[PDB]
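Starting off, we have a lone chain in the form deposited without uridine-5'-diphosphate (UDP), written out as structure tokens.
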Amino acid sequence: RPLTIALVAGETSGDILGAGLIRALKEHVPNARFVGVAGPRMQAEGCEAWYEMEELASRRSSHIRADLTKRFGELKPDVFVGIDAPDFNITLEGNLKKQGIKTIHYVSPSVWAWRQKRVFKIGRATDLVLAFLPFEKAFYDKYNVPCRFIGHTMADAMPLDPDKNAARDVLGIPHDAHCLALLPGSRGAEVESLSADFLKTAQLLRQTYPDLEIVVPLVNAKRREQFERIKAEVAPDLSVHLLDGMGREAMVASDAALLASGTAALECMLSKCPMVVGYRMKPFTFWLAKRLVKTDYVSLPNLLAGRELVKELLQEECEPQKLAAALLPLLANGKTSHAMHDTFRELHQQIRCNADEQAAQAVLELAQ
């Protein structure tokens, strides 16, 4: 049997990675066979599409993963490559590993692996992880998880020395003018807050550069409508170039870029465009996340007790079946409930000090 590779991609970006992998492999093994969940580019390179990538871009997903667990198990491919899409591929990679199939996960699932347990899962599910960036490999090295640093595909696609004048000709920007790119972000929460402040920033810069060109790449129609509506109020008399996409051209053309996304900062770096990164998130949200990172807890009872006195179910674990399972023993109103009751009473006593009087004493001691 010729080399048989199973592939799963769940987004256009995965389809691009998959197509490039298939071509490079065919240079070494022109008789290789490719099958799995393929997008149009992977199919163009010859991947048999048991399912279309669009079908993964919940109940249907579960059924597909079950069917693929069965069929790949029967096929016994030489290698299975999960291309990103970790919510789908990590579990699938684990099911196939259970059957002795060699698995690779392509792209570090940084957002998905939000706690240590998920790092362990990646290690159990894969024989190797492919990471775009060096600090991602260093991360997995600390966990004894085999990881190969392969570089970033966007660095292969973008030249070391891009042509600023060419990008300006495409966008219609004069070569003698200073140019500022505003990238308020791709997500909604980002655009709302940061759009107004980015516009105000440009207004301030116009006082120094009265002929400053301002280019705003907008990723889709909804995001465009959002930015226009914000600009109508904040700065209706500010002239800017609103673009449909074309963020790469805007960055290559500009003399500086104001970015919301620390992720788009990579493409800005490869564009050789100096940048400033401004970002805001809800303080309450950041405080809660930081509390979890620093203590592994989120609720005050557990911080006061120093253990998981109270059951905390977070992120994917905050799910009806698990919540109900955690509440049943407590609704019983039996021994375990009385034990928690007693502990709550001790903690209550520990923080019951007549705070009003304490505060008054502290004032008086500082005053004397």
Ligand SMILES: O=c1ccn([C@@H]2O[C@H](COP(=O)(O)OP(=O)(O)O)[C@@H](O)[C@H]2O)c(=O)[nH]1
Given for the second form:
Number of protein chains: 2
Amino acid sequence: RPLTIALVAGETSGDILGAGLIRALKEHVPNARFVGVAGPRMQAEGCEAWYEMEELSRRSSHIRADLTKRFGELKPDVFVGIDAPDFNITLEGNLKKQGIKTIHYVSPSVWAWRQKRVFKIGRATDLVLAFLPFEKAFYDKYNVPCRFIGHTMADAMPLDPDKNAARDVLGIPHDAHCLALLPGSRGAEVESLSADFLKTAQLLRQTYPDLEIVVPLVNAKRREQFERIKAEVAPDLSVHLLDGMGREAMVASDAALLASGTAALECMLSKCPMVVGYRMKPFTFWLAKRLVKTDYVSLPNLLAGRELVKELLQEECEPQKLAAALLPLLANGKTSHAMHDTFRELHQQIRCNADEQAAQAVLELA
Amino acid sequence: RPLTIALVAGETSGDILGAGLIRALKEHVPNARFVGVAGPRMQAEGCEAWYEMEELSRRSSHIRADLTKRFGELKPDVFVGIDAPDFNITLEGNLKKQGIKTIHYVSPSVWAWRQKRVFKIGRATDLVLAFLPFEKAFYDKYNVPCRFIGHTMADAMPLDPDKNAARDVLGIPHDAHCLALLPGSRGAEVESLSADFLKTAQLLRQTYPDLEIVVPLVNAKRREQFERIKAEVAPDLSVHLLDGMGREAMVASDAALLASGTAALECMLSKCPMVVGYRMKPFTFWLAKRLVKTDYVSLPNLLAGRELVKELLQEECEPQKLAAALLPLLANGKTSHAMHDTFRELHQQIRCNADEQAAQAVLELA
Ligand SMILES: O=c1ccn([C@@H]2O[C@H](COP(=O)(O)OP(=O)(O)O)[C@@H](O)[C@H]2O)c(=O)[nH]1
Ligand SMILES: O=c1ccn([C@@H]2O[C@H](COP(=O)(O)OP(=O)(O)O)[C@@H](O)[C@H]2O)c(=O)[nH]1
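Output the form deposited with uridine-5'-diphosphate (UDP) bound next; the form deposited without uridine-5'-diphosphate (UDP) has already been displayed.
Full assembly next; the chain just shown is listed first.
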């Protein structure tokens, strides 16, 4: 049987990676066969599309079950889960259980929000392909086979971009200073940063009165959001509102002000000096930092030094798991009595007559 | 001169702490004088109100400037900043510069989101008053004088609450199992958790068909938000919607399902077994964890291993600071050229022909 590769892509970015992977493999094995969940680019390269990438939830669970069986029957030489970790990691695990060799393409950095998920990746995969070196170093800490392959955007973007050519595309004068404002691809980011970014540009106009200001907006919604904010904050500030074209804007500009994330890497490859501005809910940042630091989020467990009360976070905060955790407690029996007694002990440990303690602290210092 | 204490409270919770502190001090010094920013409870105990607590932004900056001068003239024996860290920490610093002894009451855990702010607290204060032991242990790590005084809520809540009395207040039958649902005091929490909490209760009704469900809602907005979600998720689930009364609901219930935060402590003091459910943006949790782990958030600095590009986060993401950071870059001179060359070096380090690397990884495993 000729080399047969199973692929699953779940988004346009993954379809691009998959098509590039197919082309490179056909160079070494022109007879290779490719099947799975394919977008139009993978299909154009010959990927058999059992399902369309756009089809990636009830339906998703059904597809993953079907692929688990079919890939099980097929026994492909390798399975490559292309990104889409919420779908592919579990699938990679199901196939590894059947002895099939699995690769996960792209570090699921956001998805792997806790140690337990790193171990899930390692158990589900024979190898992880990581774009960046510090991602490989991360998995090195866990004896998880990971190969640093470089970043495809670095292959696609030249070392020395043409600033003047980008300015010609955007109609930006070559003699003017030019500032790129990337308020973010997410609504939360745009809402948090757009006003401050506009005020920043207003301040800079005081020094550079002919400063060109280009604003690449990823989609119509984010655009309408930005115009709304601008109308209330800086109605008289003339700017270039662009539909996409963030790459052109950054290659063209002399500096960029970015929310953060993928833009900062693309900006680096554009050779545009940048300043990164970001703002997040302080309350949740504290919770996260609390968790990273202790594995807990709730005060009873911090006071007890153990998982005294059950904490179900993120994907574990789900009805079935919540109900299973509450059922022993609603029984109002032995378990509830033991938690009751520990609660009384901790209550006593922090019952100190704080008003008097504070009053004494004042009097000592005085 | 009789003992003279300066106090600043900025919210109702701080007014309660301040009034309790005033009463305890008057026990030891009935002639003591109290002045500053006082709510109605502090005033009732005799606190001279130079400003009303409700007045705590342009106006806030003006008040803090005025208090910096006046407290400077007064030279109070002690200044106590009662919570409100965004106002009081800077004020405590201004007064310490004048030799005045300062105490900050209540650990500013959320406000102190990074090391630099812990050092700010230590420089601004002679002592921090912390409700909880792990908060004191935190400041012990930084040689920041901190006194663990216990939690005032533990003083106010009895060790053995009366479940049946709370049920009588709420009209809950004594023979029924009762579940408290606290979907959160913030709109983001209610939106994220209300549906899953309702579905959880629906599942539990399958085992406890007479289960009472009490939902304490902090305000009318959060209430309207919850009813809206319930109308779409569980219109036929009968529940008790309460205006506040979270304490009564928890003392009364046999178990509680809580978003998290202050509720979990109050639930512990209510002797109600609990399950903590929480959900936050994965993307921002990763950023935070990224920062906690490295001090950076942007990919260029992670690749460089230093602050190659300026990152201005949270309170530093402000127009004046953003503009000052962009001005050297817009100059498009020596600095921009050095960042350009480093960008080209990092670009080369991750330009590896990833498609071919990935293809080779597949072929090896096959
Ligand atoms: O304010 C902005 C923020 C981002 N982008 C562009 O949007 C693309 C995708 O950004 P995203 O944050 O969505 O990266 P992802 O999460 O998809 O990897 C990037 O090429 C950016 O250049 C933009 O045009 N304006
Ligand atoms: O879904 C909820 C969540 C909280 N609370 C109550 O709201 C009070 C204040 O909660 P918060 O989270 O605002 O604590 P804070 O941040 O003010 O310290 C607490 O006593 C809780 O019992 C409630 O009644 N329903």
